[PDB]
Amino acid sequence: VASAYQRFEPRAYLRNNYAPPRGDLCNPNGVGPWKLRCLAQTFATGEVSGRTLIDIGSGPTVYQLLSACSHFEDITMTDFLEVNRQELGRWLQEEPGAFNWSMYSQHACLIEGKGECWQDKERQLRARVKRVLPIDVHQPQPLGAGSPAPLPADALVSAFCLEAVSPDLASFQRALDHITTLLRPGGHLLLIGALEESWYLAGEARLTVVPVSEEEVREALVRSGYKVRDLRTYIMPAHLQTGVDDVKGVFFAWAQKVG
């Protein structure tokens, strides 16, 4: 897998998944609004809080932290690929050619319903993200020996990482076990992923994915020592079915480590 991800094209990935039609946030019934809604509602309970937060396998995207950022002053983003960390860098620093997340920022504010403008939202995220670190979920210490990341983190977020980097269910489990070591007992995990997906494209790259189900995902969380607080499923409409992948649905999990 690590070899496959070496042809991964960030801009082709952003294009396939975060631009229209999937990047069209105008329809409430799309996968974008659904993801933002899950994240916004969860943080809106006020039960997920702290000082440090780590986003696992960020890739070139930031949407997964728009709702999160107002609850954690220290945010660490991560990814296996230098090209992704670079892409993240262009947006954090407002550099030339950065990807435009404004629609997602706008929708987050919309959905959070606190009358916040999207510039203040993006400003808070940029400010609270302290670092972008290399990571490998396959290592027992996914970050490494001495990472500048405050550990253990008060909360974890990861979207479309585990299943996308694991050849099978048992790898998925280990990878979960690994990243779980980074989470303080009682802390929270917000996990988003693909359901029953085997592949997706990212330019010239063809990534293999392990097809998992809601039940497999739940059972895996329990095994890692989590209490499943919430687990929802989004079924992928035909209109969002292109040739870029074969995802059947998307899951959202809010798990609390029972340490």
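In this text, the rigid core denotes the largest set of C-alpha atoms whose superposition between the two forms falls within 1.5 Å. Numbering follows the first chain given and starts at 1. Compared with the form deposited in another entry:
- Once you line up the core between these two forms, the CA of 206 is the only one from 232, 223, 206, 51 that shifts by 2 Å or more.
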Given for the second form:
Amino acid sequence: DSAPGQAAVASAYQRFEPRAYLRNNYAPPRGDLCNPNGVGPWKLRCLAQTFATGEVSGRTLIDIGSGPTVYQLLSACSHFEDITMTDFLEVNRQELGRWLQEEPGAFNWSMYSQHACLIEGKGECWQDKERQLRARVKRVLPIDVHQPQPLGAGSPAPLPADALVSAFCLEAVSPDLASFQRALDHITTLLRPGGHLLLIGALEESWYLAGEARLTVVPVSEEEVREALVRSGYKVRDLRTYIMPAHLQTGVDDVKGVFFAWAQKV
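Mind sharing the form deposited in another entry? What's above is the form deposited in one PDB entry.
Excluded here are partners and other molecules; the one chain stands alone.
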């Protein structure tokens, strides 16, 4: 079973809104980094503090379902010299490309880049951060989390990878907890034993709007998320919860919170 639900999301995402998605989630005021209790700051804080331990370093990194965004690698690029970026839609790989080349009409991430520099407290100016990322991002490859080999056979990516990053993928492209738990299993086939996984997801989210489609996805929870990481060969080192305030409960989702997980593969 379970392949029908998956096919439902692949359909829902063919209506996907590359630049509309950014304007409505990462441009102000939904993305206001001035607010220190808010959600942009929190995600970036979790990423900066985790790499601050230095215990997550190496050679190769893979972003799992990057979408058309980068904030999730900002604090992370000073620590890996080979970044792999991935998404399922060509039109999202193409919007990232609009940003690696530095065109006008590419999304201005600079206000995230600065906040990350501020949190890391190393004196870095956001332009050198943005130059570092554009150096280390070596490839941008198609991804499907529901395959047994998510990039395909003989993929370009240097494998195994030393760590993994993923923001709002699995709980957002999986229709049932079984689909999730197996997708989490698929990407760990890419993480070398002893490497680290950094995850960010929605909590108790069952429906959201990708372009025009109203797709159906798993109401996942903090405790289910732990249980699923252990089930796949990790030990959970960190697991933090953000409670979604009233200021951003549009009517686009039933998202009640967001979680960050740091787990290491045994």
